[PDB]
Each structure stands twice: as C-alpha cells, then as structure tokens.
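Okay, here we've got a single chain as structure tokens, the form deposited without the named molecule, with questions on binding and movement later.
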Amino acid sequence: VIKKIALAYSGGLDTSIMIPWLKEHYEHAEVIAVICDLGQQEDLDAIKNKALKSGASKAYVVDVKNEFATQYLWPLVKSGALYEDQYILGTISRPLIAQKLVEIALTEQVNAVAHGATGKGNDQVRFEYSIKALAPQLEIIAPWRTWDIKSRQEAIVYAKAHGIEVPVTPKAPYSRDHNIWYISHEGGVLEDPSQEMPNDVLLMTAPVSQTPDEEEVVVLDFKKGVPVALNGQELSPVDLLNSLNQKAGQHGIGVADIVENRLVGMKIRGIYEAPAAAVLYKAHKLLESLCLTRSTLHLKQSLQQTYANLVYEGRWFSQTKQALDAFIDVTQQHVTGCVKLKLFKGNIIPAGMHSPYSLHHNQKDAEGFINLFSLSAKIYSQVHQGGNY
C-alpha cells in the first residue's frame, strides 16, 4: 500500500495542488516535498513554507548548485555539445532533480515518487527515464497524465476547494525554466516562428542595442577542459558562472532564438539565454583547436551530436553516457591554458590564447605526400577516362 510519496516540488500552483490531490487519490498518504536550488533565484524558504502549508509532512530544500556545475555543466562544457547545433541544453537539470528526488525517496522509504511535468513536453520523459535508471522499483505518479485538470482556471478552481493559496501575480506570459546555466522562454506568441522575439522576453541579458560602448576583456584559465579562474582569480564553478553570466549578460551575449525538434511531439520555438555558457563554449573550442590533434578533434566533434541527443532526451543515467564521458575525459587531459576574449555588443571576440600543451609551433616531402594522397583519384580518373564529376 502507498503510505508515503516524495514529490518534486516547484512551488508553482500545479505542484501545490498536487499535494492534496495525491493525498486524496492515495488514501492516507503522506507527501514529502523535495525542493532543489539550481539557481532559479527564487525565495526557497517561501516555497518550503508553501509546501508545508499545502499539506506536505516534510519539505526538503537541497542546494545542488555546485553539484549541478561540477557533475553536469562541466561534463557538458567538456563535450562541446549543442543540440541540433543550436540549443545549449539547459534541461540537463532534469536528471539532477530526479536524482535528488530518488535519493530522498530511498532515505524516507517512500512507496512512490511524483513529479509535476505536463503530459505534452519532453520533461516527463527526462524525469521518468532518470527515475527508472536510478530506482526501477519505485512507482511513479504523474498527476498531469491522470487528473481531470486541463487549464490554469481549472487548477484555480481545484485550489480554492482544497485550501491551496492562489498567488496574486499571474504566470508569466511565457513558460520559463531558470537555472545557473540558462533561462528558457517558450509558449505564448513565441509559438509562431514568423514573429520576431518580443521586447519583454529577456530576463538576464541586455538587448544588444543597450550594451556598453566600451568592450570588456575577460581572461579564462582552463584545466583539463574546465574553467578554474576568471581574470586571474580562482573561483568556484558557481562563482565563475555567476560572474561570467553578469559580465556577458551586460554585453548582450548569448541569446538563441531557435526552432528545435522535440523527442515527444513536433517542433518548438524557444528563446534561450545563456551568457556564461556561450563564453565558456567559445573559450573551450579555442583551446581544443590548440591542444588536440586533428584526428582527436575530428573524432570528438563527430560524437558531439550523439552526446547532445543523449542529454536532450534525458538519457543521462546510462552506460552509453558513461562510455562517452570516458572518451571525452581522455581528450580533455591537455585542454589546459589561457584564453582572452573581448565582450562587446553581443560578440565574443578572440583576443589571444596560450597553452603549455599547444601543438602550434620540406618541399620534397610535400611532393611525395601529394602523389600518394592523390593516387586513388588518378587511378579512378584513368579507369573512368573522360568521365565527369
């Protein structure tokens, strides 16, 4: 019998009404709320209190910002992966949320876990793949796939009948996800790809026309593929991301307006802000061009899409991911050095780089190489004498 349920709790109206909903559809069930700090810059104590006031017996707040950076964002930087060559993969946070949920579930000996992902997007897949990979014995409850609530107004009606406070402010005009790595904006007038990005979307990035008229120099030190210092100051991953997000955001850097293919459904138009991510991706690419051999670089670049698809689809916890990580970690052993960049009006402008492991340093040799490199073409053309290309 289901006596205890752990709920991944966002503090929004949806997951708040899920608490009484769970307690009514699973008679006499206790609900434990799990709240993750990933950098959404919300009042987590207020969210904790709302969980308790909504009927949760316990409400955990776990600060996972450093673990997000070191265990997820740093492997992502090392991979250089961009989904469909465009999307910065901020939904990499979903496996971590699932992992904290399962960890507390097992510590609290709950009979089931629940999440608030809707029945329409990829997020439900990302959560439930991760839960099954970490704890295949745990029952999963997805109230959006079971209940009769279909609109916000219907959720409001339910909240009133079940003692749940309805916030005064409306949900944003756009559906948003926010962590230390990115901010996403979807829905509303954004669903029409024929329409330009409205001027009220951006939250952490200055519009390019409102950026300083003087460039800003940043110097990034990397060790084994990840940044360890900014402007000569060693900083924790979170402090470095925070500082670079502010600096690059002030200079308007990193906004992506893209259409991407979902796994679940068709296509989605979104706006994605990630100033620090764009700067780190640029610096990392620069250093790899100096420190990797041609064959290593080419093989690694050919695996980036595989890595991006895996992360995008929520397959973080899989042996396939572990094997890619092992490959990537070897390629990163010498990606160590210094990159200077100028930030200016939405541009990340290279301003020099160096590495102790830089690989950058006869005429008769060339002729021999040419003759053998082109021998196949010569034989083919002799065989197909007079043929066209």
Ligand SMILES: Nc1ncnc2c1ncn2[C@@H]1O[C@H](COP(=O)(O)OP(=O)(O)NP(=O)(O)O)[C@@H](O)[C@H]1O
The other form holds:
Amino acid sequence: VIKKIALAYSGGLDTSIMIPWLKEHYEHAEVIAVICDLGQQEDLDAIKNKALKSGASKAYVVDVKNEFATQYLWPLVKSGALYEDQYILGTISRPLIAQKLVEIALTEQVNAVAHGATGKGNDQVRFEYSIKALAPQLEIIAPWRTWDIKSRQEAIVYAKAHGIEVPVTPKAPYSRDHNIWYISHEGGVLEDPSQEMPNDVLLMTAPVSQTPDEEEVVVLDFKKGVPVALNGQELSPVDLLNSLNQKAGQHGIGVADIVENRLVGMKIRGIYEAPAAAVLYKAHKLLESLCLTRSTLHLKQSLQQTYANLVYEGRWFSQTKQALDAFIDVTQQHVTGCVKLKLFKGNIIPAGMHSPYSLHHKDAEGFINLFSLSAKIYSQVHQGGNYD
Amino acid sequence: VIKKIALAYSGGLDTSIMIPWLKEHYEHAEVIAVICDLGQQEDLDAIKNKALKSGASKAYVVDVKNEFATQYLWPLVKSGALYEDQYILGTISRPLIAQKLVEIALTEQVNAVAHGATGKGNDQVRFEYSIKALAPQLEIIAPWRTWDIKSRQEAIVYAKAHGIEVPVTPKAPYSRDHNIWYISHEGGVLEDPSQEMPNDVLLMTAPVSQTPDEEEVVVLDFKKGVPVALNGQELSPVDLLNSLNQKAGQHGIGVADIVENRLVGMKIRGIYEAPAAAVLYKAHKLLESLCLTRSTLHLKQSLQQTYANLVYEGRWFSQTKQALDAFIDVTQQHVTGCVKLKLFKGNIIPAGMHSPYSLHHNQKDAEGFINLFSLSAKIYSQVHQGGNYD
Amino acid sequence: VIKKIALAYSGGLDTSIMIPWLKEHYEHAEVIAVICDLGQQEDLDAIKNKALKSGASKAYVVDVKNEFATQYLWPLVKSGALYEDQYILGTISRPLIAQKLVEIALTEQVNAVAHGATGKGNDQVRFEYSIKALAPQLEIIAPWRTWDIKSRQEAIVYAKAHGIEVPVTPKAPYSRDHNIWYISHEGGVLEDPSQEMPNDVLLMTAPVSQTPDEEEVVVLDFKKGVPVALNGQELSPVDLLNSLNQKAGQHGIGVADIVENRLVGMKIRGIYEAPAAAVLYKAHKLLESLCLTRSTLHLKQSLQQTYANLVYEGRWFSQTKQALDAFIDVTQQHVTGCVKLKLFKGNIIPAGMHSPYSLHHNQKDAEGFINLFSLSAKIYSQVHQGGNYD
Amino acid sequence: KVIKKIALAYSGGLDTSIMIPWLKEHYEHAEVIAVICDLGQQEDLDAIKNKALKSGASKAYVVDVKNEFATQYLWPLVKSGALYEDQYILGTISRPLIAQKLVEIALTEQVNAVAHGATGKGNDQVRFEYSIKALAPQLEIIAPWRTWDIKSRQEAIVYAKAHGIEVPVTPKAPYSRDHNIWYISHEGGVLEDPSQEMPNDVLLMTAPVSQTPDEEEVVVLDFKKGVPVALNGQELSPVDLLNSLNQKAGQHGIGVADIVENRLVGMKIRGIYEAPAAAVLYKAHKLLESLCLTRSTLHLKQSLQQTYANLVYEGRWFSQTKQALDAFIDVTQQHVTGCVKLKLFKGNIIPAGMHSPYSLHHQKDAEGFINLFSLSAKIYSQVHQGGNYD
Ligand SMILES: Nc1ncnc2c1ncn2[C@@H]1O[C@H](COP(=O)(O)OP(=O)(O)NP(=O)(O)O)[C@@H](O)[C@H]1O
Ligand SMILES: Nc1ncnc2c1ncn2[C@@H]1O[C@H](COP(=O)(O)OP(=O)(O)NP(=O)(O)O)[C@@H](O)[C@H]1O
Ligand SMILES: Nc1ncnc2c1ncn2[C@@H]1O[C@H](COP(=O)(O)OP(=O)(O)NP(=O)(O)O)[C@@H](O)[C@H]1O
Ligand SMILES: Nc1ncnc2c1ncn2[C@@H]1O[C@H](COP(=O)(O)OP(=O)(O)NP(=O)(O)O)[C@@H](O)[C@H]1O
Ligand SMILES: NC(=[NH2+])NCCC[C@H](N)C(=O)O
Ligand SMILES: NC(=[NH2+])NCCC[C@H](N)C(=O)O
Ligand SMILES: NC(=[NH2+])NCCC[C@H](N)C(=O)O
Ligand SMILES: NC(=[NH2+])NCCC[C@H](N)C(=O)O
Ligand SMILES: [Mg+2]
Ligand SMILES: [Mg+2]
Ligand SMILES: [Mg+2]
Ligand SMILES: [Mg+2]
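Instead of the form deposited without the named molecule shown above, give the structure for the form solved in complex with the named molecule, please.
To see the whole picture, the full complex is given below, headed by that same chain.
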C-alpha cells in the first residue's frame, strides 16, 4: 500500500514533473523530496521551494559536502583508483545520494523511494544497488522506466498540464553532472568520438591557451594518505578541494576526454573536469612511491582496477568494498609528508617531496645467479631454443 | 682455458680500460668488442676505433635500431605497460644488447662474455639473465664486481698505466642512457627527491615555458596496435619515432620525474624523457578504448603490471614473456584506425579518433539487469538486517 | 516475419510441448529440432522420433562427442580452471549446443532459434550470449520466460490438449545434466546444504564404501597439455575419457558436493560427478609442476579464475577467451610426459612422473641473494625503528 | 663491536649442537645462548636444553610457543585459505616465529649477533634472515653452514667428537624432516626422484589408506569468524583441537600431499607433506566461505590466496604487505561462522552438511539481464560480421 514516497530530487524539469506523476500513479500518495548539497553550486532554497510548489509535502535539503569529501572522496584518493585507467569516478556521489534518501525514508515511514535516473545509463544501477544494500524492504520506483514521457518536449507539455513552470530557455547542449569533485559532460555532439571537444564544453577549467604564463607552486601536506594542508594552511577537505579546484582550474589542469565502457553494456564519450582531483592523485602517487615498499606498492596498484570497477558499478555498500578499504587503510599508515608541485599550462610538475617515513636513502653476483637460475635451467633443458 | 672474450662496449672510459684489464686477468685472452647502435646518437666509428686502439682484436658495430623498434618497442606499445604506473621502460634495450653480444660470442667461439654494468644497479641483472637464457654455457665476467677500481680517478690512474687515453671532457653530472625511445638521467644531485629537477638535465625536450604558443596537430594511423603512418605518410618505425620525438619534444611533452623501486632492493630518483613514447601510449590507449570490449580491456589492463615488471627485471627472454605476447597479440588484432592529437605546452590533447572496428555506436531490459545484478546485495542485506557497510 | 524456428531439443516433456507452443505463438511457423549427442547416453533415435511426432518438420541428431572433447574439454584441461576452486564446469557444453543450433539454423533459412532453459538458471545466459556472439541477426525465443506453464502438472495438461504423449515415468527427483565429462545433480532435497547427499543421487561413481580393496595403476601420457594415451595405448579423446570414467568411477573418484554462486544472483547446492576429469586435472597439475618455470606457473595459476568464470558465465565465444587460449597454448608447449597414478578408495595418489622437458634436476650465492631479497625489509625496519607487524 | 654474546636458534640436531663450539672457536671469548622453540615437534625439549648446556651454552631457553603459533600464524593461514602453488600447506610458516623468539631473547640478552643452522641450499635461510632484518636490522646474522668447512654428516660427527659432543651410533635418517603441530615434511634421499612413487617408510602420522578404518567417522566443526572453536560440540583451545583433529584425520589416512614445488632459491624440490587436521580445516573453511560470502567477495578473496601463499612461503611474514592482506582477510571473515559436518573415510573428507546463521543460501528479470550482459558480445559480432572465435 504505497501511501508515501521519498524522491531523490535534483530540481530539474524531470524530477519536478515526477512529483505529480507519482501522485497520479499512486492514488493519495504523499511525496517527500530529498535534495543533497554535493557542491553542484545551485540555489538549493529555490530547488526546495520548487519541490514544495510542485506538490511535495516536505522538501529536505541535506548539506553533505563534508560527508562526501571525508567518507567518499578521501577513501577514493587513498585507493588511487581510476576507472579503465582514465576516469576520476565523480559518480561516487550516487551511493551517498541513495544513503541520504534511505535515511530520510526510514524516519518518514515511507513505503517506496524514487529517483529520476534514466533507463539507459549507469546511475539507475548505482541508486538501486545502494538502496537494496541499505534497505532491501523498500520498493523502488523509477519513473523513466515506467511513464510515457519520451522527450523533453513531452516533459514540457506534461509540466504545463500540471501547473509546473517551464520558461523558455534552450535545451542544454550537454548532459552534465557537477559536484565538489568533478564536472561531467556527455551527449549531444560529444557522442561522436571522431570530433574534437567543442570549445563551449568546459565550465571550471581554463583552456590551456589562456592559462597564466607564470607557474604556481602549491605545497600539499598529507597525513595517512589524505591532504590536510595547502600552502602551509590547515584546511577542511571541502575548503582544500575548493581552493585547489580554483588554482588548478585556472592553470588548465585535469581535463579528460575519454571513451568508457558503461556497465549497462555500451560505450560513451565523456568529458571530465576535476582539477583538484588530478593534483591530489599526482601528489598521492608521489608520496606512495616514497613511503611504500616495492611489494606493498605493487600489490596495492594491482587492486586499483578492482576498486575503480566497484565504485563505477555502484557497489560501494558492500563487504567487498569494506575489505578493500581495510587493506588500503593499512597501506596508508605512513603516507604522510609534503609534496610540492608546479601548476603550469595543464601540467602538474613535480617540485620536490619529503616524508619522515621516506624509504629513499659481492651481494649482487649471488642475487643475480639465484634470480636467474630458473632461466639457466630452462635454457639448458631447451638447448638451442629461442623465445620468439 | 678462457682464450677469447666478447665485451659489450659502449665507448666510455670504463669499458675502454676493461679491455687491458680482461687481458691481464685472463692471460693471453683476445677481446672482441660489440657495439650496438640503439639511437644513442654518438659517433660509432670513433667508438669502434677506440675499442681497437684500446687492445680489442675486432670491433663490431651492429645497427639494431630497426629491430629494437619492431621487436621490442612495438610489443611494448601493444602491452601499454608502465613500470609502477610511471616508467616508460627504456632499458628494454638491455636484452637486445645481450642478444647481439651472444650472437657474436657464438659466431666467434669465445669462452666468455663481459659487460660494464655497475655492481649496484639493475642493468647487470638484465644482461646476465638474458645471457643465461640465450647461452647458459657461456661464462660471464662483470669487472665492476671483481676489480679494485672504485672511483673515476682510480679508473684514470689505471688507464694511464695501461695505455688507454683519458678523454678531455669529464663525465656528465648525471648517469645517462639514451636510445631512440628515451633518455634517462639519474645520480648526482638527482638523488635528493626533495629538490626539483635542475635546469641542466633535459636533452631532447623543451621546457614547457619554452614551447610554441600555437598547438600542433598530429595524425597517427595504427594497424594491429602499432603506428604505421604519421600525418598521412607511411614511415618506418625508426623514422616515425624520430619525427614524433622531434615534434613532441619541441612541445615539451613526456618528461617524467619519478622515484622507482629497483630490483636490487633500493629506490632511485630518475628523470625520463620520451616524447614520442608518451604520444604513442596516449594514442594506443584511446584506440583500445574504442576497439576492445569491456571484458578484454579490463583483463588486458590487469596484465600490464605483470608485463612491466617482466621488462623492468630483464626477463624478456622467457616463456612467460612469450605467453603474454601471445595474449596481447590477440587483443591487438582490431586495434586499427586513426587518432588525431594536439600537442601543446606539454599536453597531448585528444582531437578525434576513428576505426573501422569501433564498437561505439530498451527500458524494460534495464530493470531486469538491475534486479539480477543487485540480487546478491539484496540477499546479503536481508540476512544482515540493519547492518551498515562502515 | 518468423516463418521457421530451430529448437534445441533434449526430448523431455518440456521441449516436446514447446513445439506446438511455438507453432501457436508464431502463426504457422515450421519448427525443426536440433539434438546433440554429448554423451548423455540416451536413445537418440527415440528422441528424434519424439520430436517428429510432436510436430517438428525435421529432427537433426548431430554426434558432437569428438568436437566437444577436442575443442572444449581439451582447452579446459589445459587451463586447469575450476569455478570457485571447486566446479569442473560440465556446462561448457552449452556454447557447443548453441554453435550446432546456429550452424544448422543457417542451413535451414531459420528466422529464430529457441531453447528450453528455465528462467531462473545459468543455462539461458550461456545459450543466448553464444547465439548473439555467433549470429546476432537471429531472434531468440525462450518459452520458459514467456509462457504461462509454471508446473509439471500444467505441462501435462498442456501436452494432453496438444497431442503430446506424456511419459509414464515421473520427473526424476533431481534436475540432471549428463555428458562425457560430468553428471550434475541439483534441486529437490539437494537444495538444503544442511543435509548430506542422499544415497540415490550418484549415477556413474561408486560410493567409497563400495570400491575395490586393491588399488589400480593408470599411466597417462600427455602431449602439449592433453592426454593422448592410457596404459600405453593411444586412444581418441572420447575413448580415453570413456575408459577413465569407467576406471575412476569404479574406484569412487571425483564426486564434488558444493554450494556455488550462480551468475543470475543466487547460490545453488550441486552434486557433480566427473571421475576422468578429476584424474586428468591431477595428472595435468603434476606435469605442469615439473615442466613450467616458477614465474610461468604462478602467472598461469593466477589466470585460472578468469578462465573458469568466463566458461561458467557462457562467454566462450569472445575475443577475451581467444586471448586466454593463446596465452595458455604457449604455456602448454612442453607439458609433455608420463604420469602414473594410483586410484584407490576415492583417492588419486601420485605414483611417479617424468618428462623429457622436466626442469627438476653454491653457498656463496645464497648470502648475496638473501641480502638483496631482504634489503627492502631492512630499510623499512630501520626507518620504522621500534615498530611491529601486528 | 667485538662479538661477546651470540643467540643461536638451537633445534637439538647434531648440526646446531656442534655450532656452539664452532661459534665459540670463531668468535673468541663469546658466549652462546641457545634458543629452543616448542612448536609441537614432539621431542624431549628438556633433554635438548640440557644438551645445549652440556655443549657449552651459557643459557638455554625453551620457549613454549604452541598456543601463539596456532592463534597468530595458523589461524590467519586458515582464514586466508592459501596453498602455495595450489598444493602446499605451508608448514614452514613456523620460521618467522622461530626468528621472532630468537630476536626477542637477543635483545633482552643484549647479544651482538644471532645465528641459525639452516643450510645454504634451502628456503629456510631466507625465511630466518628476512625476519631477523625486519625485526632487528642492527643485529649481525651468522649462518655457519655458509661459512664453515664442514661438508658432510660424517665430517660433522668427527668435529663433534673432537669437541666433546656425544654422537652415539644411530644411522642417517633416510629423509630430511620438519615437524610441528600443523604438518610433517619429508624431502631428500630417494624422494628427490619424482619418477618414483613415495616409499612405504615415509609417513609418520598418517595411516596408509589400505589400513584405515572401514567405518566412516563424523566430525562436527564449529567456526567463529573463520577459525574453528569447537569439535564434536566441545570447545577446545586451538592446540587441543589441532591435536585431536590430527589424530582422527591421521587415523583415516587424510591429508598426504606428494608434490614438486618451486623453491625461492631457484630450483624445484620433491616433498611429501602430512597435515591431516589442516586438510580438514581447509575443507570446512572453504565450505563455510561458500555459504557465507557474496560472489564478489569470494572471487576477490580467492584471487589473493596466491599472493598470500607466496608471501608465507618466501618468509615475508613480518611486512606491511602481510598486515594489509590480514586486514582485508579479517573483514571477509566476520560472518564466516557456523557448523560444518564432515565424514572422514579412507583418505576422503566428505561433506555431510553445513549451516550458518549468516548463510546466504535461500521471469521478466532474466530477459533484461541476459540482453544487457550480452550486449557487448552482440555489438562486437555485428561489427565483426560473420567472424569466428577460433
Ligand atoms: N543533488 C541531488 N540530490 C538529490 N537527488 C539527486 C541529486 N543529483 C542527482 N539526483 C538524482 O539522480 C537522478 C539523476 O541525476 P541527473 O543526471 O542529474 O538528472 P536530472 O537532474 O533529473 N536532469 P538534468 O537537469 O539534465 O541534470 C536525478 O533525477 C535525481 O533523482
Ligand atoms: N650501445 C651499447 N652497445 C654495447 N654495449 C652497451 C651499449 N650500451 C650499454 N652497453 C653495455 O652496458 C654497460 C652499462 O651501460 P652504462 O651504464 O651506460 O655504462 P657505461 O657506458 O660503461 N658508462 P658511462 O659512460 O657513464 O655511460 C656498458 O658498460 C656496456 O657494457
Ligand atoms: N543434448 C542436447 N541437445 C540439444 N539441446 C539440448 C541438449 N541438452 C540440453 N539442451 C537444451 O538445453 C535446455 C536446458 O537443458 P535441461 O536443463 O536439460 O532441460 P530439459 O532437458 O528441457 N528438462 P529435463 O528433462 O529436466 O532434463 C533444453 O531444454 C534444450 O533446449
Ligand atoms: N624448534 C626450533 N627451535 C629453535 N630453532 C629451530 C627449531 N627448529 C628449527 N630451528 C632452526 O632452524 C634450523 C633449520 O631447521 P632444520 O632443517 O630442522 O635443521 P636441523 O634441526 O639443524 N637438522 P635435522 O636434525 O636434520 O632436522 C635449525 O638448525 C635451527 O637453527
Ligand atoms: N547523470 C549524469 N549526467 N551522470 C554523469 C555520468 C558520468 C559517467 N559516464 C559515469 O557513469 O560515471
Ligand atoms: N646504466 C643506466 N644509466 N641505466 C638507466 C637506468 C634507468 C632506470 N633506473 C632503469 O633501471 O630502467
Ligand atoms: N540444466 C542443468 N541441469 N544444468 C546444470 C547446471 C550445473 C551448474 N549449476 C552450472 O550452472 O554449470
Ligand atoms: N628444514 C626443513 N626440512 N624444512 C622443510 C621444507 C619444506 C618445504 N620445502 C618448504 O620450503 O617450506
Ligand atoms: Mg541533474
Ligand atoms: Mg653509457
Ligand atoms: Mg535435460
Ligand atoms: Mg631439525
């Protein structure tokens, strides 16, 4: 008996019209909106009011920027994971959105939760794996998989029919996602990989041709694998990300133009901006090269893909992830020190690093003989053979 | 009796004095010098003549640039491997040097082979693993592990006592290696990772502040994972690497400043220049992302570290490498197409790609996939009711 | 328009009633049946006649036992793969069934292919992945996912209303699959892992208490990773498997009782009989331990899970599988020799092995190896003075 | 700087007995402290202590480490599920513990050096010395087998007699053995020919299958967080449970492995290993994991078993790499809690039921899952139209 539904509400046209749609298809159902502040830099008061004006009985706005940075982005930094060796995994936000939706749903005695992810992308998997992992008893409603709205023009017609304001502004040329960690752009003319990136895509990163002609030095202090200070100033994760995004963005750093494999089974061409992320990944990699032994570094690097795939596929809320985090946290115990980097014209240039736990500071013949003994034996057995 | 020794001879003071040293410690032994042209851009006829003036009975100069490109660098490009996710592995040349040394050693019926790799580095392992893999019967002599010479001034004293001319110009401030693929710099003041790279290190790459203010477009055509044309012009591998090294180096591309783990058990700070290698790695990665399925891409990426460690450790001549190469060659069958890149201020910027084998092209399907993909998570959370994942 | 359908036909009641059901739901479609002889040891003439009596216009019976052994089981033996470290993967037959279904469909102007795998299992994924990999243009029809028949009694009602004869003998208490490599049992009272295996499950393996009191020696010759002779007699793959299944089954060998993760999201309890497979896996493992270097063995063992998952998931017809097969075939080049084993009371006991390519054959070297192998540990403990590894 | 005191890992053999006078000879006025560990080798340790004192040791410690061997070494090993090269139960996991106790006493006694009696050709010298460097990088290590002029057992006997050490006539053991609560190892002698079956005088704790009981024996194992806590309904300490299970499973002929393994020191060795309780615990642990872990956790954990096994085999126990693996493993073991019933019979460990409070064992969706799971295969086959996967 669906009497009450919690909707992950982003403020767009689509989730706005899902409020009356949900109330139409679940008779006398009350709809509560859940709005997360992830750093998308939108007017959340206006989004809250729009949810209420659209028919929600309540509209929660939850500021999750610090929780996102400390509970999601910091473990990701520690993992060093890049999906398919290229993608900075900004959709790590989806399980956090799901977590807040489920938390509020359970305090509001709702029967079902809903989200506005489309029927063709990855985000629907991320949302629904997370919801099942957190609250297997909650019904999930995905209007894009059910309703007859097929186009933006149809959504606009429906919006006007239900008193939802639709002012004229052209269709966005690109489908975008924005949080404190990244900006993603896909769709439209981007879906043709034979074409270069158009010049109106980037939103927070300067094209290299307009970057400063003087390099900028940044000094990052890390403790146990995460950054705690910038240029000698202790900063919260959010403040450090904000400052580093501004600096590295001004210097054109961090743009990735990639073709990736979706979980749903097709390839997509995406543009990703993440200036601070690129700088943090570089500094973290340098410190690990100083502070981990060879065997630890090699084993940890061999698990980056596993971690990246888990994040990409929405499997954050799993024992598998818990076990990887426990492995990673051990490896990060001594990843503590100072990394100086020069930002300049899209480049992150090493400028020195140090750590109180730096490992940088007749035997050879015996090592060589025993290291190569199996090769010597093999070649004696296969005399005259080659390795072609 | 050791009557004949083949020496891998690079032309420095050290391998020059190894010639009388070997003749002294192996009485009446004749020494044959083997010099490889790997693209180090040195006067090899001068090096040949110095080998003979130093007491070598014969001095071979073998031009192996083409074979280095096709038999080593092209498999490396196909692998996509980077040691510790950073190093472009220019010492992939060491097994080739060992291969030419052994080939000549067997032709000349020598009793032993010798090399001048130092006793503290990786190159001695690379040479000696390769020699044992190719010719386990040959004795190996490494003078740096046997002789009493410890410093350059000690080598100079020895050279004077043994009729070896000492070059006027001193040893560079850095230990360097140079071939068509890369230039490496280590040692000296580079052994302090707390300092930035000095301004006198780079030899083939412009500093980014001194790069052109206009971008340059390059177009690379690939066939089965390797580049066959640049800007619409079919080029041999060596000509293509040469051209791309010039273009990308002019635009400041490809400098790596890293701390790596040696095989011999300690970390070293190195500077690596490899402009064309960076451009080819980028283009190859882009084309794989278009032409491989997800499962093939993910499996191949998971073997890159294995390949990189094998190359770094000198294990090129092994059945393990042969098996990896067979796997890689299958995955490269359709990595064929065109990649356009912009070179600019140290950046390699995607400018479009296409492939006749590109794999890039209902709502009811998604709900079923979601439910079964997530079923195990739903069962787990029902069993551990109320549990967190903290 | 779907005018003609090829149905993978096993001869049970369910695939029999699918023939009239397909004709009802695809207006006047012709249905041809494809029956594979995989070693299920059934009366294939009776199955062929039952397909025709049920309304099939044609019923092909294809003997695929040699193709199965040489093109599927031999690569599997070479891989050493066991799904979740326990399961011998007898459903490697499903891509072969799909391959014959498609081969015949494309000689018969067929528009759609059909199979009788249930909607809850793995086999439907295996069939339909394979069909899409081989012939993406063919439509696929799975009646269990579409029709309203939900029980055996409902199937019987439907058979009676459509002229399909109902067998006198009931449904077996277990869902079974049988080919030359294995017999699988699941469902029924087996779906309680808290209970031991009932005494009426096993079909080709003696209970251990009912095995001979004298051991039996078998001698297996291998060439390039696959068995070519048994007790000094060269035997075809099918004859060797048949003989070894009889011998090892009589000695109680090869029963696995496991809980496995399905691809479709849930765990299942299965009983698997595969006597010859257990013996061949053991002999192959022993010879690899003799003929492979350490690095090759370790790398190959690290890919067994990948291969096992690929087979289990039905991804046989993929470039990923082709690349793995290329890797594996290199590693098998020297896996050639003789393994003697004692079969006794459910045990496979090594009794000696040899190979012309066996790799089994100073104190000063050890100290240097130890010091450099341990140098990284010494540096770390000097840096972290007073620490522990708790 | 002058070596005044040496701590020696002292086993009671002839070899470490004569190392006390040898050490005192080669390090003038040095005293020798013997360190004897109780690992379950079932020897008279007070007699070994007395022999050390009689041979000239100033102090002789006997450290009972059986409980901590089980809880700090064997229990993590059981939780890992690791087998070296998929065959070896890793009984030399004891070597880092021996080194740890040696180093503790070394530091307490303010000695200048530690010594051990491992030979120059084996793995144990690496295990001891890696551990010693990881725990105490400042301590000098003395390995007399790598230094002294004693080459044979007969020479060791001559030396013992010239230095007052009792050598009564008792013939050379035909095999080199190691024994602790976890396993017994046998190698050397006629075992070094893999073409020969195991001789009938090898086994010491495991019945040959032909003399095992004719009635099966049920054991019930309760596990909590991946380790056994009770046997047949009785809570037992780890040592008591291992002792009881070794007796029961040994009586039923369980757990003998006859293998060829790759040494770290670069060559293969043929070994016989007995470990009855270990085989039973490994089987029970594997069954419980199959019930309680999700598929993705099981697959990832199984993929790290080889890493863990190699680390243990190579002596790298005292490392951050091991600590990180243990942290991963411990998370996966949090719900590996429940009851496994097994039948021991004639060398077989037969599943007889399992249950757990955390067991994970309990039409339209399947089509959508199939279509998206197989979409990349369909796209690939449309691009490579009509292609094959041979
Ligand atoms: N900050 C957020 N708070 C709550 N729900 C969110 C948030 N961001 C995304 N979602 C949910 O995730 C779904 C998918 O995100 P998204 O791709 O941004 O679509 P959209 O916001 O509906 N459309 P658009 O205007 O093009 O961005 C949304 O429909 C919401 O259900
Ligand atoms: N092109 C080459 N041809 C033949 N042998 C070579 C070549 N390059 C390197 N070697 C061998 O490898 C050894 C190690 O190389 P390297 O570190 O360059 O030492 P080096 O040339 O003797 N000294 P330096 O002058 O400081 O570069 C050399 O001594 C030679 O034995
Ligand atoms: N040897 C075979 N030849 C052709 N098709 C087969 C063969 N084995 C299995 N199949 C197909 O695979 C499907 C699933 O196999 P299976 O689980 O045995 O179902 P079934 O045979 O229809 N029912 P049952 O009588 O309980 O064995 C069958 O319905 C057929 O479509
Ligand atoms: N329980 C133990 N306590 C102390 N040291 C030990 C113990 N077991 C082994 N060691 C050390 O490990 C070394 C190698 O073990 P091992 O192979 O048993 O040689 P051994 O005891 O000297 N000779 P053997 O009588 O043939 O077993 C010994 O020489 C000791 O230094
Ligand atoms: N709803 C969105 N626009 N999401 C951005 C998707 C980014 C990227 N393709 C991913 O799947 O992680
Ligand atoms: N002799 C030399 N300078 N060799 C260059 C070594 C570069 C790098 N450290 C490597 O081991 O591959
Ligand atoms: N239709 C059948 N009876 N199939 C046998 C299934 C065996 C095993 N569970 C597997 O998926 O491989
Ligand atoms: N000293 C001994 N006898 N040790 C037994 C060695 C067992 C096995 N070969 C190993 O290296 O682990
Ligand atoms: Mg949005
Ligand atoms: Mg040189
Ligand atoms: Mg059947
Ligand atoms: Mg002993």
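By rigid core we mean the largest C-alpha set that fits within 1.5 Å across both forms. Numbering follows the first chain given and starts at 1. Only residues modelled in both forms are compared.
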### Query
Quick one: with the rigid core lined up, which of 167, 188, 198, 119 moves its CA 2 Å or more between these two forms?
167
